[PDB]
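Only one chain is included here, represented as structure tokens and corresponding to the form deposited in one PDB entry.
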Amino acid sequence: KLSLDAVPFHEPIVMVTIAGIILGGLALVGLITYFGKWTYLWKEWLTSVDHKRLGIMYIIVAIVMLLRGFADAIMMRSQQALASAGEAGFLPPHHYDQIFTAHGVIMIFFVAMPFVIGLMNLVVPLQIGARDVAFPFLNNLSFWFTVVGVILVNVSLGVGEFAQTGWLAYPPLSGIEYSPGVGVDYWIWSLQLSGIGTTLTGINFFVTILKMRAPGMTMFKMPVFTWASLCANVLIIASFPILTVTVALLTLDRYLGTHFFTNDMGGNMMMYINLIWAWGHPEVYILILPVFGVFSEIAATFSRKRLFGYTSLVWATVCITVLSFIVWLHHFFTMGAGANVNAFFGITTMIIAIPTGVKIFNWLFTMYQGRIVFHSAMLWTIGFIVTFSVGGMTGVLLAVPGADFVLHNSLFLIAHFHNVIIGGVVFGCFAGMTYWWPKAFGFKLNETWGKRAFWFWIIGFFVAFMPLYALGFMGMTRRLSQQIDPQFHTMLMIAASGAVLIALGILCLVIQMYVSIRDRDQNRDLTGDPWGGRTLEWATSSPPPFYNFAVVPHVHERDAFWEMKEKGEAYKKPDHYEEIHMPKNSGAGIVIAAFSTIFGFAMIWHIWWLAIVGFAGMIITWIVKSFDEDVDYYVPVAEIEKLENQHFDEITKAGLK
């Protein structure tokens, strides 16, 4: 029995063109991989326990989902432009609601989160001088759980719908009685599986940073990006359980007819808003803390100057981590709590703003009296300081409950959080991508197209969300689809131009990637240390070896690689390379996530037999992987010798040292 599946996919509406082009494009890659390398794509990628390849795959998934999230953004902006001035838009309400809920879910969970997790996966083991993450198979399984969530969300665009409830699915509207459709089930199961993956990767990175640091690198000689990653993983471990429990309770309400959040049989629908934001704000700092680290490096790297407030930045990040769990209620001020609770949580939300300001001034004083080379990443850093200051200012303006009563769900809130994400996580992920592109692929991204993309992005964002600040001051609320007030038409037609400019920016980024890959043989980062460098990640070949360090660095100082370059002990060939122990690539994750894609989908549609054979499949593949014993290999000294000789001869072909 196929159960609730049936065969209305999207036939009444024209969204089967996109479903038609996502299966055609798949066919294209199905041909392209056929006309080329398939065993490479399985042996090296798609089964890797290497943090670098898994981070690259995370970022690839993040970019791919960024294209669909931005398509949703363009459709929403054109729908709001058309609905204002009177004309009925090309999106009915039932589809516009799916579109904004999927934009929020894809962007928070499948664009912003995978991009940050991929940057951390690619960089953190290199910075701490570690060969690999603490739990490599758990990192592969976390990546493939994120892929399971991506696949479930994309399939929601095909068979069935996605939730028409908002990206957090508030409980009364997302209940089984008011949302009988399968959209909230897609939301629930993609989020549950992505949350499992994110929690596992938080455990992986927390343990990697705490335990697998290089000998001699104390915790305050650690790179600042690693500090930000450690704090973000603390937030992941202490928050994503909240999301898991909340979505599990919603699952029980929608499947077993329980009454956690129903409004009738003793259920308290406000407790979901308390819980979903109990994780909501920590996962908002899960996104912004690593990119802070991304700018703590890119500044100190592109100012030719030691990062100013290392202790101040570290303690500000720790304070942000501690305080992110005491601010949640600032997301439902208007729910009706007393003046004491609203005032207390507004005070804590304004208190959690001093560390971020200290970090901003630490970066702009790291630029003080430095050699600022305006590389693309440095432009992204200046843009981040400029726009993130505005976004945080507006957020603190919202942090006061009195202002939030009149600005709770206006377009001013939309402008706030898009200012702090686009000018935050998005700017920091593009900055990190350009900064560490040589440390992942060997090539260097085309700086011309990178600057073009940065300018388009910043200008388009500014000319697309400042109108939303004005609309928030005009009283326009979130998620309006049809018959907008024509009073709002001008600002929405200025925000449409900004969305078009951000489209041009994403196009410039795509062109940048294409030209960099086409011009790969030029700008080949021979030395494996472009744009100066101040951390251990730059003490390796531009594509790092699979072990990424023949001899673990000793890291006597804080800015290890810069100190090694100044001291002259930068590139030393060791007397002997010992055999080193590496984890072996394991495809079990694929299987512990293939049955995760089944189980979720067979749970979204009430296919109980297939959900049981997907859950049993996951658990039994986990048992089988537990029984596996040859999950490691000592790499022969010949391979290490050959790779290190190649790297050191390449250094000799430059200033040899």
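Numbering follows the first chain given and starts at 1. The term rigid core refers to the most C-alpha atoms you can superpose between the two forms while keeping them within 1.5 Å. Shifts are known only where both forms have a C-alpha. Compared with the form deposited in another entry:
When two forms of a protein are overlaid on their rigid core, residues whose CA moves 2 Å or more are considered shifted, and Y633 is not one of them between the two forms.
Once the rigid core is used as the reference frame, the Cα position of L28 differs between the two forms by 2 Å or more. Once you line up the core between the two forms, the Cα of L643 stays within less than 2 Å of where it was. Listed alone, 1 to 36 marks the only place where three or more consecutive residues have CA shifts of 2 Å or more between the two forms on superposition of the core.
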Contents of the next structure:
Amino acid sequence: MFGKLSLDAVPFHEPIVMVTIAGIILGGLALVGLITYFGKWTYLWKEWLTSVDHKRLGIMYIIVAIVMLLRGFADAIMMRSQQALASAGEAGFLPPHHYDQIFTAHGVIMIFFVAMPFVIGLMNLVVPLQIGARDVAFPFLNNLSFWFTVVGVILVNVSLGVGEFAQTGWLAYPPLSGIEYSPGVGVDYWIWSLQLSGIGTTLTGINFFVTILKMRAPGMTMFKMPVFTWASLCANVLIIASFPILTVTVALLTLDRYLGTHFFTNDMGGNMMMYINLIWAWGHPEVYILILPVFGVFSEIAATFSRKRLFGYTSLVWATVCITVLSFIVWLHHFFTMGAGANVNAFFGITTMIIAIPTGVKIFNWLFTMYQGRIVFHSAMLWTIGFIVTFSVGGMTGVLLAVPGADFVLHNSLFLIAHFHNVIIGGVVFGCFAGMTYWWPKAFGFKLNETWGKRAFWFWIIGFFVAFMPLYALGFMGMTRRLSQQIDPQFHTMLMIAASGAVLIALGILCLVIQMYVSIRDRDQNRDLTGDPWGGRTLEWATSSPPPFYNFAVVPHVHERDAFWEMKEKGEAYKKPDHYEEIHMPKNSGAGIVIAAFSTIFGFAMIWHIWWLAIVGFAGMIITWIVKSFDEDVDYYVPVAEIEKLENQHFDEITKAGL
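Following the display of the form deposited in one PDB entry, present the structure of the form deposited in another entry.
One chain, no partners, no other molecules: that is all that follows.
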């Protein structure tokens, strides 16, 4: 009640916000009403919400990412609608107070709560399966890491209804994000969404680093690992080494707005150029966190659907290690126009193009993976071919931006905007949709619809090109980013084509919903029985579909690369053991939800200066941490009668289907 909450924070007399507030409240109450109508509250608890299983946690990461993809796109369709109206002389809807929180929210939601959970969710589902592990290294920490991301999506979504979001852009540059130019609660919503979600993904990077190094199957060395595991290993290194930079940089912004300190101010000895140095020292390794497991996704798919071994494994592995080291020395290219000398700008310009060399090694290794194979045009293979065409265009564009002399006329332009949507939609979003289609039978036991999955590709491909190749042309014409009102009429008819391409992307999102509906409606017909719906090469496809919740009755003995492909070639590939042993598994824990529930209370009270509620919210997290340490019922043993029931019902489906 106390603090700055005053019921004038709720945006009444503002119809665009109030319709979307009522669409989420009534859309959320209808979701609550369906669970109590079907009686699934005791099923979502104890099987999904408290789950320490990496397969359950991996699915829920993607569910959060897909839902936030709907919100982050439905306000991107409002910027395309506004810029088409603002050009050719109409001051329509979306005033600059309304418009400037939209790109800040679109940048934050799509980076942190769409691309990050989809990449982490694909690593959560697949990486313990590919190395022969039964779970992640720290299973309670994996459940806690998911719910810290949920705290991030709660705080951004209540900024829609309770207050306002930031109006500074998605990285919240200084003094405009300072307390004397942004006195409202919008930057505080930006600060505590990134802080509380950012400590969750930091624990994710530690968890998968230890899992790949320590929880591997016997006989699997590092150079016998799957390439997706190699790409996930290097992506988690960048999480451990760069998300601490985001933690300090937002905390130094927090001390400026709350305690009146002088870090990035103009007046009392603060340096505002230090934040931009610090926010991009995290900022470029963040975009290599997104693109690295996508490189691992496409390497498994291109080997599977060419029916051929992956070309140049050692070159592909060392290109990934080259990327994870060169990602930390290139970050000055985001502020070439700040005023550093020719020596500084040329040094970081030269080494930015050096990181293009291991990216080109990866591209041509996938091309020669499909050079003499038998290519089956699956939906997931279509995203792979469309990735190579798209990522080569926007990747080449970024190397043009890496030249400081070229960047002096293209900085903060729509050329820049078209560059990074070219390598995110082309790279990350195509990779996330490819890995979603590829590992759907392993996650759920049935296959997605092939007809509606291809139509989703054809709308996401050149429908993107209608959306963003005009922004390449507009970046040459001189149109800058974040432009809202009274746009030049020469920029009209090029913003009109870009708005038409956003409609084609909307149909591909709609084709994904139809593909998911039809596949669930017809799951009994497209059932995956053997656990290997394609010709799979890695150890994930040796299990049943879905895996038996311990993933492996006996842990596999790895001797070579593509371990399941060697087992099928050697002829064994499905061997029922004479006896089974008990399996040590962790228990589901209600804590982690409780720690995150106190943290979103703590985060909300820090935004609205409710200091008694912030102390209660912070002490609730610490006490729940302390009282969890006294718990001794953390693990249990799976009986052999439970294992033999699950294994014998897998091996008769192997008997029925020929093998």
